[PDB]
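**Student:** Just need the whole structure built from these sequences, with the hints factored in.
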Amino acid sequence: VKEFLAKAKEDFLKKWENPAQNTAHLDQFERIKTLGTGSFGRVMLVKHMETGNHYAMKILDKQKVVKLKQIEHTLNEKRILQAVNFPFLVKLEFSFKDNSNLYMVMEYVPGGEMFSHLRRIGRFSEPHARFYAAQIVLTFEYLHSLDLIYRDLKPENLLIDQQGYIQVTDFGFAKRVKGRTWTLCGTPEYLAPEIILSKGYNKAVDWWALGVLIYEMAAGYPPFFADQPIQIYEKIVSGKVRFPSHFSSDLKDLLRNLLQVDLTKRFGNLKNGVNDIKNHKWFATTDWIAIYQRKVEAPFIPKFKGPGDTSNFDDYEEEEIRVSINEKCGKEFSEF
Amino acid sequence: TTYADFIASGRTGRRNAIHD
Ligand SMILES: N[C@H](COc1cncc(-c2ccc3cnccc3c2)c1)CC1C=Nc2ccccc21
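First to last, the protein sequences are chains E and I. In terms of the authors' numbering, the first sequence is residues 15 to 350. In terms of the authors' numbering, the second sequence is residues 5 to 24.
Bear in mind the hints are in silico, worked out from the structure with no lab data behind them. Incorrect hints may have been included.
Here are the simulated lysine to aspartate or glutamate pairs, EDC-like style, with alpha carbons at most 16 angstroms apart [as the list claims (entries may be wrong)]:
id, chain 1, residue 1, chain 2, residue 2
1, E, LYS81, I, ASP24
2, E, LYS83, I, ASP24
3, E, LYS83, E, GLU346
4, E, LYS78, I, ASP24
5, E, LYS47, E, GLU331
6, E, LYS189, E, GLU331
**Tutor:** Okay, structure coming up:
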């Protein structure tokens with residue numbers, strides 16, 4: 015493992031220090047349909063005319079990004095994305111900007127979100143959840159190895175590719191940091207106690223998120239939910255969790271150590287780092303090497319109805335894409 | 005059941021991120 019990571023670090027570094035820019039243009043893409051929306055942007059299926067390929071184009075409104083004070087976060091996302099490379103991270107193929115927007119063109123994953131499949135099915139069996147969780151485990155070991163904190167693990171940010179494997183999306187909160195950070199960021203149900211308390215935190219909040227993910231995948235609902243955020247934060251810090259009766263003893267053990275409010279005992283943040291996770295009973299049947307290569311049998315294959323098929327995605331109201339005659343936030347996004 | 009409570013809650017849909 016140390017071998018692979020060492021070289022992965024060398025490649026990321028070169029790209030990090032010399033990020034690619036303006037590698038495409040809006041008019042080289044055919045706007046097909048909206049696959050999702052966010053506070054300051056949207057993602058659409060697009061078709062690259064020269065190659066006939068489909069991609070997921072993320073369009074960010076520079077003015078909204080500024081109003082929401084996510085300028086640096088948006089710069090973090092593209093800079094990081096153009097530099098990383100892992101089998102469970104969706105690839106940033108092209109990036110560019112125009113008068114009104116920033117654009118990040120990623121590889122399209124027709125399979126759809128884990129969220130959709132998870133909600134419809136209810137809950138995943140333990141081997142099913144173990145297969146996806148394992149992929150997140152290698153992805154986090156990879157990211158943290160590069161001094162990156164992800165900060166938004168959740169089913170809504172996980173896609174299922176043609177091979178049944180996971181593809182992580184949304185690096186809007188990713189950040190390269192050695193040492194503590196304080197930005198309050200994430201999703202209510204997945205926030206670690208440190209974040210809600212405003213106490214400076216590290217990569218350990220990613221490992222706590224994994225604990226929330228595994229629990230939600232195996233139970234059908236998150237360990238901490240309520241109709242309003244403040245109620246959800248009250249549960250998270252209380253250091254009190256309840257487990258469904260069908261949760262194996264090993265599964266409950268792994269989660270007790272993951273959903274540890276005391277980030278001095280929390281698995282992943284210990285002296286043995288990620289190994290305390292990879293070597294936990296619940297993962298004894300897991301062949302970490304096999305999972306990376308993807309030679310492990312996937313429990314679910316979301317067969318699609320052809321390339322460019324958006325059947326596995328929900329519908330969203332279509333928004334017209336306009337580009338003003340004037341440049342809006344040049345200085346702010348000069349390095350994009 | 006907790007499953008029932010969850011499904012009846014307002015947080016079964018896509019959850020938005022927070023920051024400000
Ligand atoms: N967090 C949600 C999804 O976020 C994504 C963010 N960036 C890229 C993809 C993303 C990446 C690759 C993909 C490949 N195939 C299909 C869909 C894909 C979606 C998904 C909503 C959300 C929050 N901020 C947003 C900003 C814009 C759109 C949606 C949101």
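**Student:** So, for every hint listed, does it hold in this structure?
**Tutor:** For each hint, the structure was consulted:
1. Note on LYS81/E and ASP24/I: the hinted pairing holds, with a Cα-Cα distance of about 11 angstroms set against a maximum of 16 angstroms.
2. Simply put, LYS83/E and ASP24/I have alpha-carbon atoms about 9 angstroms apart, close enough for the 16 angstroms limit, and the pair holds.
3. For the suggested pair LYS83/E and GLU346/E, the alpha carbons sit about 11 angstroms apart, so the restraint of at most 16 angstroms is met.
4. Of the supplied pair hints, the one linking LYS78/E and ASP24/I holds, its CA atoms being roughly 13 angstroms apart against a limit of 16 angstroms.
5. Between the alpha carbons of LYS47/E and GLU331/E the distance comes to roughly 9 angstroms, so the proposed pair stays at or under 16 angstroms and holds.
6. Pair hint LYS189/E plus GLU331/E does not hold up; C-alpha atoms about 31 angstroms apart against a cutoff of 16 angstroms.
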